[PDB]
Amino acid sequence: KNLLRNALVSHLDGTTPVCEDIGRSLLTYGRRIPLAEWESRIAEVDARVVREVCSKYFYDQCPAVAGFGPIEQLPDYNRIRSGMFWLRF
Amino acid sequence: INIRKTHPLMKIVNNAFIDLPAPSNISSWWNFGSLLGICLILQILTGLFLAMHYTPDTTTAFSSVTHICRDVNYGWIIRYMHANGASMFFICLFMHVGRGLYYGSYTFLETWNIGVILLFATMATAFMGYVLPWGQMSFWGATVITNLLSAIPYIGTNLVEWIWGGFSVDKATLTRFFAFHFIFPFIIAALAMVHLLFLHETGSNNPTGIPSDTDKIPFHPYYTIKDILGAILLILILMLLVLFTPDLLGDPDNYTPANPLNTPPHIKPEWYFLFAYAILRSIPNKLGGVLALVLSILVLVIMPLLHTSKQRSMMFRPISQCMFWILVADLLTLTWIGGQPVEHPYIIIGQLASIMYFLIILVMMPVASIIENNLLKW
Amino acid sequence: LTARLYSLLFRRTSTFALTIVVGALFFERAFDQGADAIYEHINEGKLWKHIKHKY
Amino acid sequence: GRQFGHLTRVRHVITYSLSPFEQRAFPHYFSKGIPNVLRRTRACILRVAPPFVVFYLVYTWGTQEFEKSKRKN
Amino acid sequence: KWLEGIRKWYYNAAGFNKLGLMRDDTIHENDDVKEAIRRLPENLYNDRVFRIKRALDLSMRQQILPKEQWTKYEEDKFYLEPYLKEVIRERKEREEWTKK
Ligand code: HEM
Ligand code: HEM
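Residue numbers (the entry's author numbering), protein chains in the order written: chain a1, 358 to 446; chain b1, 2 to 379; chain i1, 5 to 59; chain q1, 1 to 73; chain d1, 11 to 110.
Since the hints were derived computationally from the structure, they do not count as laboratory data.
Hints may contain errors.
[Claimed, not checked] As a list, the in silico DSSO-like pairs of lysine-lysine whose alpha-carbon atoms are at most 30 Å apart:
1. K95 (chain d1) - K44 (chain d1)
2. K311 (chain b1) - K11 (chain d1)
3. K102 (chain d1) - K227 (chain b1)
4. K63 (chain d1) - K227 (chain b1)
5. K269 (chain b1) - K11 (chain d1)
6. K311 (chain b1) - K82 (chain d1)
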């Protein structure tokens, strides 16, 4: 949460990145989110929401892999999948 | 980081079973190695339960086997698993060797020689096992093969007096055979580990014979689940064979006490030795026959030193392929001639089949090989 | 309908192993009764429970 | 022999693979696999047969010769 | 001569044309052939490894390419023969220098 606060503040620096954030917010969200709303949604998450979201999105899903270069010693895709879920290994 | 790459045992397991680069080409013909290993430990287990219920006294050996099959709980399924698991053990042995020959994997010297030493150990082990029940066929086949060892002048006469324990197969011969049958599968397991070591040092093969160093795949969980599928197939085969007609292969004559005077006229060992037995009696000499048996397995030694084709495989040389399937039909011919006693048509075609065996494997593979060498502008 | 069963009893691997053990003893019960009913049906008559009931 | 990584040097290759869950287990199994196994059958059995049919005929012929020795006596 | 027909029928039925493998593709590899594979230009090496990788895939699935992609005896492109010649002649040179 602290890194999210400080990085979002320093992301809101100058005028050109901030107005870029303005345009990208008014396209998708339909609005620009105030920084107090950002800080409120930061404080509205503790470890419970974090482990639920990691349970929904990370845990035992089907990823997409892009490999480029000297990638022969990359494990094959079934190794990634059978390492994706824990039976506590 | 991980236990698997920093622990001295899981380094070995990681380099044998997990990070082993497997070729992505092998068909079900390559499944017989893991099936031989699982049959080996299953034979160890069933034999060990047999050893917990067995009394090697020759007067009471037959009764002991009887009490195993009757009053010890499940002693009949353990005994039938041991005998017919030995049968399927030699079946998977023959498919393993036929794989390693026909798909040209016998370019390797040392793994092949270790395999042949394994063949000697398994043949002697299975014979000692077959002698152990102390039945009629066991007793007389023991006498026959002991005398074939006595066939050598000047070198082996005291050797056979030594393995006799006396005048003939006495009780001491039975306890010697119990001990060697009871130890030699562990020597088989150690030499199988050395077999596996030289293979995992050099590398596997593939159906085409092309070196597959561009398409390696991990061993787990591809061939692990593939060999478990092969294991379930082998288990259903062996359990059908021991739960519907368990006397499909074993001799009916071997269920009598060892009458030391009879020699019933339909004497033969079990089917797996019979083609090795067939080369013997279709050659009109004692010493020439026993030397020809030894030279049969030594032909299996020699065969990597006669490869003069500039391919590795036989997947692409169809004339040599035809000759090899002729050798297959000749093997099963020798098996059936070993399955029948000595009669005049059988004498004719027995000499025919044994001469054709030696003449194909000694001579015909280099002839078809040099035909295939010249025939493709080489 | 399969997705609802995946949501219930296929995610945490400890409860997964425990519930397939529960299903394994369930299968023990059903399988022994199935084998006994089938084998007695193909051997109606010549089984010792019949003759012993008549003794 | 050794592990991955140090085996060959291959440029110029791009490989596509799909997740096993998205695909079916048997996409057109019987409707393709039976012509495939008949094709593998047709591509081999003329190389397979001339040992085995000759073996079976020699088996029946030597069987007839032994039986014919045991027909008159 | 009819022996050309023998070789043509033989290459037609000899398997490796069906997978897309030329004459230089199913070679047994002792150390001489490994020297010959090392002594190769880059793009021909790349064509060799691409044919091999496709052949490994085809022999895995036991699937054979269509009639449009087989190689015929009219178009047997053989390239590995001179390098193989030179390595054999050098090995015979070393044998002569040891038996001279
Ligand atoms: C080291 C573990 C083993 C032990 C302790 C063991 C022990 C025994 C015993 C006590 C018998 C006599 C019981 C009987 O004949 O029915 C026997 C029989 C036999 N064993 Fe083993 N055995 C072992 C492994 C093997 C292996 C690896 C083979 C080869 C595949 C083998 C092949 C046989 C054969 C062919 C018989 C004869 C079966 C018969 O004629 O009744 N045994 N073994
Ligand atoms: C004692 C019984 C034997 C056991 C338990 C055994 C076990 C194995 C195992 C586990 C493998 C590795 C998996 C695989 O097959 O690729 C293997 C490979 C091999 N074995 Fe054996 N083997 C036995 C007998 C033999 C014999 C008698 C020979 C012939 C001399 C032989 C020749 C080979 C060869 C050539 C390979 C490598 C084939 C390839 O690269 O694909 N084995 N064996």
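Of the hints stated earlier, which fail here?
3, 5
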